Structure formats: structure tokens, C-alpha cells
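Given as C-alpha cells, the chain that follows is alone and in the form deposited in one PDB entry.
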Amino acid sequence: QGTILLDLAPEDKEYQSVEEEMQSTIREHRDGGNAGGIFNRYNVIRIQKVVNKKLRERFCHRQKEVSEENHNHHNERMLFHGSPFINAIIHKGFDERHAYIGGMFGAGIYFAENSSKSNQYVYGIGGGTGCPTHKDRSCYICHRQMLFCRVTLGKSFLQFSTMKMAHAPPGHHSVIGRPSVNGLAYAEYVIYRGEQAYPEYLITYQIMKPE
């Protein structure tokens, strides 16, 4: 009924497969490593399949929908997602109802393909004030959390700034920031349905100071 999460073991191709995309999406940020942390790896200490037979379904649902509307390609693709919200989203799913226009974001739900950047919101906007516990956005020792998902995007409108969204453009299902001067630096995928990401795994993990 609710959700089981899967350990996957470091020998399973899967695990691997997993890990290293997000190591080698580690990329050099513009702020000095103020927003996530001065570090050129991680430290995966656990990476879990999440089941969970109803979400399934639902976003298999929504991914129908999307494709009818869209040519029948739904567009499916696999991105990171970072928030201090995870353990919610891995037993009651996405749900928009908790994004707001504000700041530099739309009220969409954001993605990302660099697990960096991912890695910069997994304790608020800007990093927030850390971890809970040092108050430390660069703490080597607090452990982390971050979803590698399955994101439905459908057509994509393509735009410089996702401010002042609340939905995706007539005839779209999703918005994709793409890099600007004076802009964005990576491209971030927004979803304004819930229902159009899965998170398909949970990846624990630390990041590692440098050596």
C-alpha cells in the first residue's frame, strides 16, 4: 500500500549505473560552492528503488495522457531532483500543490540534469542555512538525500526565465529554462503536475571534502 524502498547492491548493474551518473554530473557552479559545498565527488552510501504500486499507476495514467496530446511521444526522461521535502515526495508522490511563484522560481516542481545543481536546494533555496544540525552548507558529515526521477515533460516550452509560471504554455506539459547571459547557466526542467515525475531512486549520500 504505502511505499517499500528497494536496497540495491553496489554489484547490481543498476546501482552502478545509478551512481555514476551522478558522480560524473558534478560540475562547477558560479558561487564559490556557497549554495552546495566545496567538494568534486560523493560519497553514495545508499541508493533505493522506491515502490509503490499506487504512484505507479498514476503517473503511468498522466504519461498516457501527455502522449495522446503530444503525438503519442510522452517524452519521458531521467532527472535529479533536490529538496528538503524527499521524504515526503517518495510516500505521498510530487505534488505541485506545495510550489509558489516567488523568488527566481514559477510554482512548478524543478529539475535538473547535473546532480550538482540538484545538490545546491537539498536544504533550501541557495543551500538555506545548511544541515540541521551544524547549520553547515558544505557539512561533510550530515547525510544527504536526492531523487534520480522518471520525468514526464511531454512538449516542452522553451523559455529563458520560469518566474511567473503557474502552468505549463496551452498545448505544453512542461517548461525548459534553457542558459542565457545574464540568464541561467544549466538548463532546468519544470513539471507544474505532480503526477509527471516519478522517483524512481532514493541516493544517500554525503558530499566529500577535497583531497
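Positions refer to the first chain, counted from 1. Rigid core (definition): largest C-alpha set, two forms, superposition within 1.5 Å. What changes on going to the form deposited in another entry:
Just one of 162, 156, 145, 63 moves its Cα by 2 Å or more between these two forms on a rigid core overlay, and this residue is 162. When two forms of a protein are overlaid on their rigid core, residues whose CA moves 2 Å or more are considered shifted, and residue 45 is not one of them between these two forms.
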Given for the second form:
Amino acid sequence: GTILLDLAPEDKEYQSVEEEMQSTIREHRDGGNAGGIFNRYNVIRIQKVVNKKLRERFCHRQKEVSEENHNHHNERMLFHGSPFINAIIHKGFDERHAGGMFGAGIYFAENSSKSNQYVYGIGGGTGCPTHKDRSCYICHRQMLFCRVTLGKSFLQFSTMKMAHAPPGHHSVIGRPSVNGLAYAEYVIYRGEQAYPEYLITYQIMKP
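Pass me the form deposited in another entry as well; I've looked at the form deposited in one PDB entry already.
A single chain, with no partners or molecules, comes next.
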């Protein structure tokens, strides 16, 4: 099954992942309601996720997408927050579990703070299980930093609800715009198009 390999804080790989997590924090339109109020995280640990079966499905799909995109799979490393991270690291992403702006897909953010708004559910739900606080500064949260095969992407500023990527395409990118999205989002419609590469355990920090 799945093996988690702990990254040391002195490793350049650990440092690269933390830097991407910290530097992509942005100012949210809800004032912190969903994800909590913070300017930085406290990273507890970063683990590499190893799953032979998930890797095989991912690599198989990556080759199909590369062939349909002029031999370029076009991967991006993107964040994913979910109260179901334990199932994802064992079973992978599953599009069958997909109100989304781009329809029935699997969603990722390039801004870690956007994925953080989803760690405890839509709008943060009732927050951490122990204290029922969306802004809990004690409980450890988890998010994934994933390899996402975008292939030939379809870029949009406004909502476009679909069941699958458009013909010939492999993903949908929602870009920010005035009167549109605040931050980008990336959507795939096949679970095998993402690999949950890193598992980050963290706390948000009180300003």
C-alpha cells in the first residue's frame, strides 16, 4: 500500500515545498471566514507519498496525455485541501466524488491559502473536529502538494460547467479577473491525472 517518507527540514526538497506553500498565501475576499486568519503557516512535517498502484495509473495516463499534446504532458505542482486526504493517499483522486465553477472535476489551487479554505469542508465547515473552530491555531491540518497532468488546457475566466475536458483537451484552468475569480483554479476530470506527491502537516499562525 502507501508508504510515507519523511523529508528532513535541512533538505532542499523540503525547503522548496515549504517556500511554495508560504509564498502563495493570498488575501481572501471572505476576510478569513473559511480558512482562518493568518499570514503564515507553521509546517510540522512534509512527507513524500509512495504508492505503486497510484504511480502506475498516473504514469499510464501521463503517456496518453503527452501523445495528445505534441509530446508534452504539461505537469504543474498544485495544492489540494480536503477532509478526505487519508482516502486520497491510499486510493487516489476519484472524479465520481465530484456545484463547482467548472463542473464535475477535481480541483486544485496554485495558492495554498485557497486549498486551506477546504481542509475542513466547504466554507471550512465547523472547523477543526476538537474545538469547532475554522481558525484553530492548535490542531494540525493537512494538505497535499500534487503532480497534476494538465496536458492541453482550456483556459476560462467565467464559469463553464462540464462533465469532461473539452474535445482534444485534458484540463480546465480558471484564471482570475475583475468581477470573476479572485485566484486561479485547475480542474481535471480523471483522477489518474493527479498524483498526491507531498503530504504537508501544518498549523496556521495567529498574526
